[PDB]
Each structure stands twice: as structure tokens, then as C-alpha cells.
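One chain is shown next in C-alpha cells, namely the form deposited without its partner chain.
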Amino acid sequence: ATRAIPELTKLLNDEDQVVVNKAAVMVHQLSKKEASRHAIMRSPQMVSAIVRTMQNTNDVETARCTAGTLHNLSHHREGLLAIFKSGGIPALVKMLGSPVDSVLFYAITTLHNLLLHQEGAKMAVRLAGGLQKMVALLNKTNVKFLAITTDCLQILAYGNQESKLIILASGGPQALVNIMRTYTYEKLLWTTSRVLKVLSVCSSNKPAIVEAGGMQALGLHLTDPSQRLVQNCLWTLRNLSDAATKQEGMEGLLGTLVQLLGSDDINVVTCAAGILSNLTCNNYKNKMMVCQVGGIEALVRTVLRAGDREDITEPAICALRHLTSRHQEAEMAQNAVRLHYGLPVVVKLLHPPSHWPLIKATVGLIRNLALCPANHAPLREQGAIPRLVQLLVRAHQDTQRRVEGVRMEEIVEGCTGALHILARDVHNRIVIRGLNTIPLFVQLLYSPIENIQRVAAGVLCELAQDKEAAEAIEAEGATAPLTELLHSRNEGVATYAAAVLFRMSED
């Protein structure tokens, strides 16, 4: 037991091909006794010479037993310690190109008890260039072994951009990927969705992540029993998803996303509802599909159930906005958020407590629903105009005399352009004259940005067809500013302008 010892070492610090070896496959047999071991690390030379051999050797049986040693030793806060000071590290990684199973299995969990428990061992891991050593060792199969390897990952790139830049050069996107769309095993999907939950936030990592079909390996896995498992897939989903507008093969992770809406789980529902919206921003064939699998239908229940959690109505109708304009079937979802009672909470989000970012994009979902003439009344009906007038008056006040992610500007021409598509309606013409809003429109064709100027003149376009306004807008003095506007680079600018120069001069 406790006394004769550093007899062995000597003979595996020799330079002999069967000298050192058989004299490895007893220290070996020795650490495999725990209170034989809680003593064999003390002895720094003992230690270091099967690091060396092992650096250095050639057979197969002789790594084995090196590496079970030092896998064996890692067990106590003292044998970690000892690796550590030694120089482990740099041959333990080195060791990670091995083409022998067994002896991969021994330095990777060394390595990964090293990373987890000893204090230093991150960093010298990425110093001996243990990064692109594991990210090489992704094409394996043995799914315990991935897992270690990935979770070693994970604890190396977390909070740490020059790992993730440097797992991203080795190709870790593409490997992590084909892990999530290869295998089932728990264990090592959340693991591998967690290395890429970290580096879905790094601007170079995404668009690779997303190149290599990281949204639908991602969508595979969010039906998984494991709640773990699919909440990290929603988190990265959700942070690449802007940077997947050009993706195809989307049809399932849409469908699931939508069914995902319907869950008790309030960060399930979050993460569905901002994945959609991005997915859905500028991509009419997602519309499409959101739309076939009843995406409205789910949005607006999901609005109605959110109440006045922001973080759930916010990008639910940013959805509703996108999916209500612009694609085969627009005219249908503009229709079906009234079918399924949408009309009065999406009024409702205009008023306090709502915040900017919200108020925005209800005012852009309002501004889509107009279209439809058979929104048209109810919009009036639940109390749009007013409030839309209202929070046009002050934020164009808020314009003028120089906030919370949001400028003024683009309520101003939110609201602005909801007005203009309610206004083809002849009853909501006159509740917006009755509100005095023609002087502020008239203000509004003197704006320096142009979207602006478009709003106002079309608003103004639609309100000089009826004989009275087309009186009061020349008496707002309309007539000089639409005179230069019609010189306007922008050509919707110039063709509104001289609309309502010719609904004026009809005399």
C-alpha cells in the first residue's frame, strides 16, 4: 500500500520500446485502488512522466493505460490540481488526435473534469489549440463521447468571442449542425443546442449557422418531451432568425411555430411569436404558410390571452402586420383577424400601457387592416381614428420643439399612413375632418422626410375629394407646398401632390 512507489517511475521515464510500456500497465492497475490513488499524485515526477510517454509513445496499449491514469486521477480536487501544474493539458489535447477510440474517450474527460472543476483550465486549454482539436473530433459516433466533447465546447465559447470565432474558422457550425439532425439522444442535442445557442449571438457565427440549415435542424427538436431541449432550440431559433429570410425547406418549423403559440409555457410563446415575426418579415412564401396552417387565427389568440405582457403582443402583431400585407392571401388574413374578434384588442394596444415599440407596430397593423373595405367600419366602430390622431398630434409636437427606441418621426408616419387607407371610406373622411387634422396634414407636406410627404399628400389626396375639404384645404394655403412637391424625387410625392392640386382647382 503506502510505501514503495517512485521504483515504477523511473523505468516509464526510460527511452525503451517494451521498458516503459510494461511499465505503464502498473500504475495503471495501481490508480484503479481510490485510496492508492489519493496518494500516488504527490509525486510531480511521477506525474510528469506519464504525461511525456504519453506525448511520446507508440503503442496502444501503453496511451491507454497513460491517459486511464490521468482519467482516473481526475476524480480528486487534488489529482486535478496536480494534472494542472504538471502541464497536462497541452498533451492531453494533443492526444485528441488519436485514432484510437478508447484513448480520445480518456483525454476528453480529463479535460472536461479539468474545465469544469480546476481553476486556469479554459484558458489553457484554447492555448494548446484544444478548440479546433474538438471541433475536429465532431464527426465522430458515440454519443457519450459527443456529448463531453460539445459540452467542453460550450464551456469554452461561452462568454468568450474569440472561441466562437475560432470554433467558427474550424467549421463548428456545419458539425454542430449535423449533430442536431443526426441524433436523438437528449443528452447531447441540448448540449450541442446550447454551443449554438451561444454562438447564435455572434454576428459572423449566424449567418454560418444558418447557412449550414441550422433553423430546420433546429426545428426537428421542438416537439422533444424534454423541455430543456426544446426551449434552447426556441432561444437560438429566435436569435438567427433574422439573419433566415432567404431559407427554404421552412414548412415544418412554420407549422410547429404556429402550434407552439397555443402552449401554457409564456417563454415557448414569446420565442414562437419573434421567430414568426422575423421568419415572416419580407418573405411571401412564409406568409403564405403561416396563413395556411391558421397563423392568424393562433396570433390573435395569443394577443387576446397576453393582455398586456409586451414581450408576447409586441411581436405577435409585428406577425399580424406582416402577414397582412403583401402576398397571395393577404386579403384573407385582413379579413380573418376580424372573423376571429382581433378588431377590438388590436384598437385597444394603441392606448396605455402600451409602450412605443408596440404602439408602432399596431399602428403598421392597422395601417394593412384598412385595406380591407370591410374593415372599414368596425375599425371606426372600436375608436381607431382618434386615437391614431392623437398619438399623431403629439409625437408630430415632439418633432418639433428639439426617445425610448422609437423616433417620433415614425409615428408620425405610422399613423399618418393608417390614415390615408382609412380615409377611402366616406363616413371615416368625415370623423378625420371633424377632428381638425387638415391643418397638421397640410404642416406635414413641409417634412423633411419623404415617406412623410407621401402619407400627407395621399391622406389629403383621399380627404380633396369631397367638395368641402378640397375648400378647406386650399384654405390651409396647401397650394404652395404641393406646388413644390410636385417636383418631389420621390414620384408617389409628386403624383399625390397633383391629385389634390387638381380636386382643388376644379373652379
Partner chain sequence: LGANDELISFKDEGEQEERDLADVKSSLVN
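Note that the rigid core is defined as the largest set of C-alphas that superpose within 1.5 Å between two forms. Numbering follows the first chain given and starts at 1. Compared with the form deposited with its partner chain bound:
In a rigid core superposition between these two forms, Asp101 is the single residue of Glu251, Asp311, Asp242, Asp101 whose Cα is displaced by 2 Å or more.
In a rigid-core overlay of the protein, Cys461 has its C-alpha displaced by under 2 Å between these two forms.
Once both forms are overlaid on the rigid core, the distance between the two CA positions of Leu440 between these two forms is under 2 angstroms. With the core held fixed, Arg429 shows a CA shift below 2 Å between these two forms.
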Contents of the next structure:
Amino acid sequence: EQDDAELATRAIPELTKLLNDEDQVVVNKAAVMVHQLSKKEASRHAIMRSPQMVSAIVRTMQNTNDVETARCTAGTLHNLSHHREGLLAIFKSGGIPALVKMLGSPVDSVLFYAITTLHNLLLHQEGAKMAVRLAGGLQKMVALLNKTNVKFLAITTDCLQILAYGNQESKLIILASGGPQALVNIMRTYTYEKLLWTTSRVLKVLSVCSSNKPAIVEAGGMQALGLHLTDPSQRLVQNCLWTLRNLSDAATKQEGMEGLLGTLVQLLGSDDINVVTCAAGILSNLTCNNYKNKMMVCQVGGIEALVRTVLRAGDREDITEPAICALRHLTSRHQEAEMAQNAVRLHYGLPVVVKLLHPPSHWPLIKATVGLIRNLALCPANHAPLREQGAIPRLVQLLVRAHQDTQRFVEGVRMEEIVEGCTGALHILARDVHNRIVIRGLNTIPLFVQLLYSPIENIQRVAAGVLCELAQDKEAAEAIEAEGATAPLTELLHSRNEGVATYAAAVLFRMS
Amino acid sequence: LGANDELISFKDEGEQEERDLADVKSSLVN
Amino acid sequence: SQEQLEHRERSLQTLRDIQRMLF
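What would the structure be for the form deposited with its partner chain bound, rather than the form deposited without its partner chain?
Entire complex below, previous chain first.
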């Protein structure tokens, strides 16, 4: 073993001169021998410790027109790339720019050596990422995504993922070279799990970029990623889900989504907390202002599945904020919204939803829960149970808190949205006579009248609306007059908002 | 009518982290 | 050419000599 190293060390200087010789017959033979040397452990340690030999190998690979000489030098460099010290020699000898040129080779063996060596450098060699980028390696790797060897594609896509992570420039290059369509096509075509996994990781990295994200959606990546949501490989499923969640907010104009939504609803019952989390967040965005998707989600038992997720989640706002938001969406503005409002009750959802209004809930989850209750209150069968769970005193208490703040962004949420939301929910709960006795008995009429002076139009409308509902009973109509409500309601008659003026007239009539 | 629908903006790149590939790489070149 | 032909025969002979030492 030690005598092998001595023999190699002495041969190398002479082998170096022959390898960088004019005569290509000399060079071919020298390169074949250098490759044979690089297979044995002792003599390859000698090769990587000679900077001039490694340079000769790199120069010859760049320059040769002989196929056997391309294969041997590339194989030599590939053997050196399994060791830290060999990686450093390749880097220091301008071997990254050379290997990037070889990614354009028509010789498949050279291509396969070049990508695997480059993969080794990208994993283990400080500086290798900037060098590959600098050499224009990304444009070339993207062009290679139309090859059909699945193993070569798995390594190519992993090189793309390493290079794109945390680098805006590499994401845009990938996009400018047709990266999205090629990646999405791979997901639509192959079944090799290693390749699906690496490709899904590139798409995950591109899905946070705001130029790439729309491009992935247009190519059908939403539907392509959905195809693998029940694969036995968990790392594949989780990557597809993380990616779908990033893309979800730009996919609301998309169609042929029936299969994806169906599977997301089934995934809400996973015992994996990251799966449930992504399924909830994706569903919340895909139901947002999309009546077609809402109908499909309700039809496959989405309400039950979402209520069960809120019950399991507890004080986990990462899960409840999106789940509640999806329920909010499914309970308004489509054919089956009445059925959905009833369904939240029938599947044990009312007690748990009212509880989410209470601490330690934060303002994003409170804003959305208030909104869900507002929708649920459109269905008369929820009026009574919602009263029983304590929704009214708590909505009123949040309204006082948010209004007092607006005189004397908290947690991401504007306090005016909480005033509009809570009063809006009280506006609709006040359709029940029993609710009117609770609301009024909490000394709310003074504050509702003071809200008529609010500059924001949406708050005027909602405050006038709840005042309008309360006035239908006589004793309440007198307390509204006594609070000096006549003046501000008269000035609200001449409003550009049609609803504000309507409710304002209706209050004035019922005070006589 | 009901409450306003709203998008939540998820922008998570995850983390970077290979050994399944070591087998792929050596199989591809032999 | 003639001069370059001698360069080849010697250079290829150097290679076979090295290949005996190593293999």
C-alpha cells in the first residue's frame, strides 16, 4: 500500500508532461492510463496531491475532440470527487467551468460523469455554488430536463434544488429557461420515487418566488402535484403539500381541481400534523371567493372534516386559523351555504368555535372566528345554541376592546376590522328576539350610536344595521332616541353608500 | 351576505438538507 | 512529418515503460 504510493508519486510528473503534449495520440494513451491509476486508492491520492496533474486533466477535458479521452478524463475527475482533498483540487484547477461545458456533450458517459461530479462539488465544496452559477450551469441543467434517463434526471433536479435555494438570481434563470413546464412535466410523466422527490423539492423552492409561482400554476403544477398526494413515500407527499400551499394563493382561477380538493379533504384526517396543517391552508386559499371549489368541498364532506380538525387542533393557531377560514368560506355565497351553516352545528362545531373567540387566541384567529360566527348566524337554527355558548357577551367584549383602541396594526390585524366584524355578527344575531334581550341588557346601545359617527363607511352600515334590528321592539326604540341617535342618522340619510342610507331610514321610521 | 373571504399568504421555502442519491449516482456511471 | 514521428514513437515507449512499473 505504501509502495503503491511511492510508485505513483514518481510516475506522475512524467505522466503530466505527456498528458499536456501536442500529439493527441500521446495524450489519448496518457489519459487512459491516468484513469486506470485513479481507480486504485493509493495512486489516486498521489494524483489529487499534484496540482499540475489535476490541471492537465481539466485542460485536456475542455479541449479534446477524442471521445475516449473525454470519457477517461471525466471519469478521472469523478473518482477524485469522492474525497475532500480531490474536490478542493478540482475547484482550485478551474474544473467547475470545464465540467459545465461537458454538460453539453453528446457523449452520454461524459454527461453522466459531469453531472455526478458537479453534484459532489455542490454538496461538499465551499464556493462551488457561485462558480456553477457564474459558469452558466443553470441554463444547461434546465435544458437537460428533456432527457429520459430517470437516474440522470434525479441528479440534475437535485443540482437545481441546491443552486436555487435562497438565491433569487438562480430562480429567475430557471424560469427564463423553461424550468417550470419541464419540472411539472416530469411530475406528470414518471413514477420513479427518487426523481419525483427531487423534482418536488425544486418546485417547492420556486413556489416562494413571485415570478415562478404564477408560471408553475399556468403549466398545471397544481394538478400535477395533486397526482402524488397518496403516494406511499411521505417525503414526496410533504413536499407536494408544502409546494401546493405556497402556490395556493395564486391558483383561484384554476379548473379541473376536483381530484385535488377531494384528496385534501381526506388528508384532513391524517395523524401527521404537518399534513393536516398544509391540507387546511391549501383548502382555505382554494375556497377563497371561488364558488365552484366551495361546492366541491362541501359535497365530499369537507365541513365535517374541517370541524374535526378544529377539535383535534386545540390551541394550535397554525391549524385553526386556516381551518376556520375555510369554514368561513364554505358558509357563504354559494348554492350549498345554508347546508354548510347547518352542517357546522350537526358535526359538533358550535361549542368549539365560540371557545376560539376566548384566550389564548390571537387576533388573526379571532378575526376569522368572528367571521365564521357571522356566517353561521344567517341560519336560524344556530341562533339559540350560539347564545347558549356565550358568543354574545364575548363579541360585545371584543367590540369594546377594539373600539377603545381606535381612540386611545396590532398582531397583524387592523382594529377597525374587529369593530366591523363583531358588530356585523351582532347585526345578524339580533334577528332573534331572545338575542335582542341579551345584546340590549349588556349596555350596547350607547356604543352602537357612537359608531354612527365613524368615518369608515362599512362600520356606519353595520352599526346602523344592528340599531335597525333592535328598534323593532318598542322599549329599545326609546333608548335609541334617548341616546341622541336621531341627529347622526339624519346626516347618514345623505350618504353615497346605499345600505347606510337604507338602514338609517328604517331606524327613524321605527322611532314613531 | 356574510363575512369577506381572504387569502393567507404562505411563503415557506423549507430547509435544505442525499444518501439515497449516492446509490443513484454510482449506478448511473457503471 | 518526420521529426514529429520520432517524438511519437519515443513518447509512446515512455508510456509502456511507466505502465510496467505501475502494472
